[PDB]
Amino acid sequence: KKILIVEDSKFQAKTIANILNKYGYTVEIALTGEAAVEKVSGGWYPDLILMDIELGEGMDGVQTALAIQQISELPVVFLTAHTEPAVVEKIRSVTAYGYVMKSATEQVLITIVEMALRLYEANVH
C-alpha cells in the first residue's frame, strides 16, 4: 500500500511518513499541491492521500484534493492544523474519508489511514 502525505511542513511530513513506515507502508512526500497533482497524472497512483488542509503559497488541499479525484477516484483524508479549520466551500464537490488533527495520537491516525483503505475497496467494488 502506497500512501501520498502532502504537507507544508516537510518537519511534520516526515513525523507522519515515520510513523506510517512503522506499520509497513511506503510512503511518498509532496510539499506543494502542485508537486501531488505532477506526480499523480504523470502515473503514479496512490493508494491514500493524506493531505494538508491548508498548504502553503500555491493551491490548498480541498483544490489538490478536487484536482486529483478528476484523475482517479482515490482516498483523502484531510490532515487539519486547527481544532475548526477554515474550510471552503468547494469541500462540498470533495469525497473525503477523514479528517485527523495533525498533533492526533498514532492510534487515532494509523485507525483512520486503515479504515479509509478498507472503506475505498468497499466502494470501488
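Numbering follows the first chain given and starts at 1. Between two forms, the rigid core is defined as the largest C-alpha subset superposing within 1.5 Å. First, how it differs from the form deposited in another entry.
- Only one entry in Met59, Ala35, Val87, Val27 has its C-alpha moved by 2 angstroms or more between the two forms when the rigid core is superposed, and that entry is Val87.
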The other form holds:
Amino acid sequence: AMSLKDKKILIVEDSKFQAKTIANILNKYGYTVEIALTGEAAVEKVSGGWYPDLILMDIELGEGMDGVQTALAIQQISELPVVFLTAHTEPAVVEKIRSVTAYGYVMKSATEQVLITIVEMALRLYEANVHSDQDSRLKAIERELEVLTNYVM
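Moving from the form deposited in one PDB entry to the form deposited in another entry:
Below: the lone chain, stripped of partners and molecules.
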C-alpha cells in the first residue's frame, strides 16, 4: 500500500520547509529521500556517484541555476526522470518544463495522494521506457495450456 519502495528520490527545493515536508510525505510512503537546497548542490550530489531513481525539482530555486538549467546539467551526466515542482502553471513555466522533461510536473499545493501517485507513475513510466518476447511467451503458454487441457477432457 505504502510499503518500502527501493526507489531513491532527490528533492531539489530551496525552501527548507517545502523540501522537508515533501521529503516527509515520500518517506512515509516508503521512499529513500535526500534533499538539495540548490540546483548546484543537486548536480554535485549526482556527479558524486549518488544516482537517484527520480528527481522532484522546483522550477524556482532562487539566485543560482533554476530547475530547467539544473535539469540540463543533470542531463549531461545522467538519464534520470525529472519531475518538476511548480507553484503555478503559467505558459512560460509550462513551456520550460515540457521542453526539458517528458515526465511532467506536480503542484506544490497538490494533495498527498496526488504527489505519491505522480511519483509512482513517473517511476513506472521510466522503467517502461528502458526496453516482443512478451508476446511469444504468452503464445507458448496459450497453446501449452491447450496441450494440457485437452488431455484431461
